[PDB]
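Below, a portion of the complex is reproduced, with chain positions unchanged.
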Amino acid sequence: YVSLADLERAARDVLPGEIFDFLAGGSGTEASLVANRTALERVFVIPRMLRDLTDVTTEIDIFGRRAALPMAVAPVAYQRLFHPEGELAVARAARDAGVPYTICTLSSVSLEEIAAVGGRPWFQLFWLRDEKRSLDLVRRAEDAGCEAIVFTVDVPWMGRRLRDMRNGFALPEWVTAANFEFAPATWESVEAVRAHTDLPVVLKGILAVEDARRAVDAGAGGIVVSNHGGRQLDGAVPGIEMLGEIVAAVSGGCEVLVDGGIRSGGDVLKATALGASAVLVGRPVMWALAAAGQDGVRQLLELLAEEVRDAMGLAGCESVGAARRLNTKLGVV
Amino acid sequence: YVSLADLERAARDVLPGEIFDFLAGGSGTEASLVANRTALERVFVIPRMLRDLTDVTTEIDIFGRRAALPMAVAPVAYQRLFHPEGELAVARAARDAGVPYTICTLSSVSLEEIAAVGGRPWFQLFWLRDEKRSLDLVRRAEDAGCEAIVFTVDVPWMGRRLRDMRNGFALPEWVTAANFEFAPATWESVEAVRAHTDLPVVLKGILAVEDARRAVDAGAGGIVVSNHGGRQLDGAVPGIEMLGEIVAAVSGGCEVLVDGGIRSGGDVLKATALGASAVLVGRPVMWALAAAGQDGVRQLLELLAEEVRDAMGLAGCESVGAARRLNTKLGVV
Amino acid sequence: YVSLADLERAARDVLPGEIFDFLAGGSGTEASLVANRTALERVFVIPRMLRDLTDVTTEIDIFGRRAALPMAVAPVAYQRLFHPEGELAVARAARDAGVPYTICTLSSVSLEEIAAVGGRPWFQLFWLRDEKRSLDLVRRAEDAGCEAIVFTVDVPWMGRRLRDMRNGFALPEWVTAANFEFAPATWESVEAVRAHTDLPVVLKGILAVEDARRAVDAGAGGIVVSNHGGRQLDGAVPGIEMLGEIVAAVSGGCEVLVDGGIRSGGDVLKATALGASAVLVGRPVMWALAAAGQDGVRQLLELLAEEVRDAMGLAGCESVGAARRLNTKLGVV
């Protein structure tokens, strides 16, 4: 595999069409899904030359842990849909690569099993109609050694995924929500979580500048600027288009991550030059899992690590902090 | 049906090609017809998160009536071209959905029959060479219980519809203007109508900011920002591209509706975020009528209602007023 | 024929490929040829409503003559390439339509024969190595009743027309320059012409704002903002993209015409809304001549007249002066 696109082809061969569609699809007309890619393709980096590259490092410190890359595996529900080892295969590869893995509320293996893999994982929370179950998931996650609570705030309910409707997609009998329905989360829910844990709370799905400011005021340790991979509001702006304005507004008050459409180390570089602390990567990790299990995810993460190192050094950046100081220019594709 | 596009396919199968072309076509090169869609596709919404969505409502009050959605059925002439029940099928479905229906001057069933369906309808006026016939239509409409006069001001004559010319299209013998030629309307005509009725007068086909201001000064209760679905001046700007400037200029002095290219609940959301009070929907309603009569229109309106509720809640909006306060960002498609 | 595009298809059938290529082609990669069309397609008109259209007139006064439309036939060399009656067929149709016809220096019928058709024609000058021959053409033109000298200033030599090179195109033996090599014209040449005639001198091929100003200072009665239909410098900006800036800079000091890509009455409207006094139309007139001779040109001019009247009235304009006061908005195609 020499690009992430090699893995999408591999995953399309092996997966059943309706599972590939569950993974690939977006809501509505898939306008936001496509725009996540268009928006990255329009960003060009202005590289610097003639800097010392003796010790290029792609490491970052985030939420109290060193990570090997400015990247984490996005929360993706039901990973046994893609491979029989599901979440355990992905979490093992992430651990071995030094990349944080986000354990999902809708994981198909229990969060305690996945946390036992090691690797200092994060836990993604959905707010539930039964509030007490949500705060219990939080405490379970903390008890199992998760290091951050990624509270997904853009799913008061699931978006309208027309591929899934047209396919009549449902979970196979052999795939379940192993940690066991949505209630809309509010700022009150955020405060209840913040009071229930000393772990950093990261709000995932923020796009408005005012909501990023309010997240800092609410005591969030981070946000993920995100339109949920184009799967929630169809017509929601790409996170990458809001990222620079949001980074300026929070002015270092929390970590600002971005996701949606990251498909190479060069894309990681673009996100960091626009001011991201780190990115999440979703679909490509599942392509690698579908294609070749744990080893597939290992190969993807090694490829991404090589691409990130290559892009940083070609742009004159010996550290991720230097990459955040790069300038960009919008172009035409 | 899971999108409005399902219905266009269904209508293309059943209708004669020349009737499908009468419905689908625009004037000239169809530049404005295409631009209505391009313009909406370029608008992205910046959704808000973590708001109270306990009681999401899509209702609005407009021209003294509660409507179930910020939407009305656009005036489309000669609906018996599309289905034998024509206007009565559409008006019954609109009534049952709580959506205003606009009765046309060129309706193929008389305005009194359509008004008898109920549902508090509106009436669309064309100015006629014989002025007295125009003011008589207005009084007929008012006597029959119509609740607003939608004065179409962008048809001094019909545009050059090249599909119709190439098809040699004419009305079948079985379709007539049942209320029974154009004269250009002027601001004097508007005042004559305003003096003849206490109903709100809504000027449909406004695109210039100055004309929107003058409409308020003339005592209009509303305007529809519109290029007539690309059927009048070819090269006229889309209404959606003028809407924000027009909403700022009238500064609440009348209702500001928009039409042209609305094809989903997400499109309704975009229009409201740009400041529209409500939208009109034309061709999709006729697709549903062609495909399946009254039940088809019912299914379309239920689908649009679901999409509007979904989009509003995903964007953090418990009311249409909140959706009007959303911000937008132009993107590249 | 219901659009100008009907005539291009008709002309492509009948003409030999290499003559069609001489007519259709541009210089280099044909970037400026394509951009002439792209630029018009990006312009949208903001029409006005509810104006008095009792007596819509498309007439203008220009260079001391009433013209029936804000349009003249562009100078196109060697019209016997397209039809055996060549220039006489076109000039007769232009006369009968009330449209000025530009007699070319490289006409395939002598300028005195074409002027004898009547219709108050214009004469297009190329500067010649032998200056005295240029001033003699001017005096011949004036003696024959031409009413303006259109001095083409963008041909110090002919551009690189790669279709013609690839075809090895040459004039058939039966087509000659009947008025009988280029020398670059300079501002000194302009003054020599201005001193030799009392007719208005119109400089065709101006694109820089400073050159439009200097044209007024030099005593020009008009300019044609033009990149020679994309046939001269490949990569030259379209005239339509410079027109608004040029109209503001000359601030009524001369007539400002534009050409390049005009293919409908709506395009004429766009040009006038951007401030043009009038347009020239080149290739479509030759398509009509190829397709059907004098009658073909008559049909084209009647179609353009109908489209101009239609577009003006739909945009609320009872006169060309009102159309020049319309506003425009750039869009995305």
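Residue numbering begins at 1 within each chain, and the chains themselves are lettered A, B and C in the order written.
Following the convention adopted for this analysis, contacts are C-beta pairs under 8 Å (C-beta built on N, C-alpha and C of every residue); 3 or more make two chains touch, one makes a residue touch a chain.
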item: With 3 copies placed, total copies in this complex; value: 4
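Following the convention adopted for this analysis, only the chains that are shown with their structure count from here on.
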item: Chain contact graph, described as a line, ring, star, complete graph or other shape; value: line
item: Gap in Å, rounded to a whole number, between the CA centres of subunit C and subunit A; value: 58
item: Of all residues in subunit B, those that touch subunit A in their complex; value: 2-3, 41, 43-54, 264, 266-267, 269-270, 306-307, 310-311, 313-315, 327, 329, 331-333
item: Of subunit B, residues touching subunit C in the complex; value: 28-29, 31-32, 34-35, 38-39, 42, 153-154, 156-157, 159-160, 162, 165-166, 184-187, 189-190, 203, 205-208, 210-211, 232-238, 241-242, 333
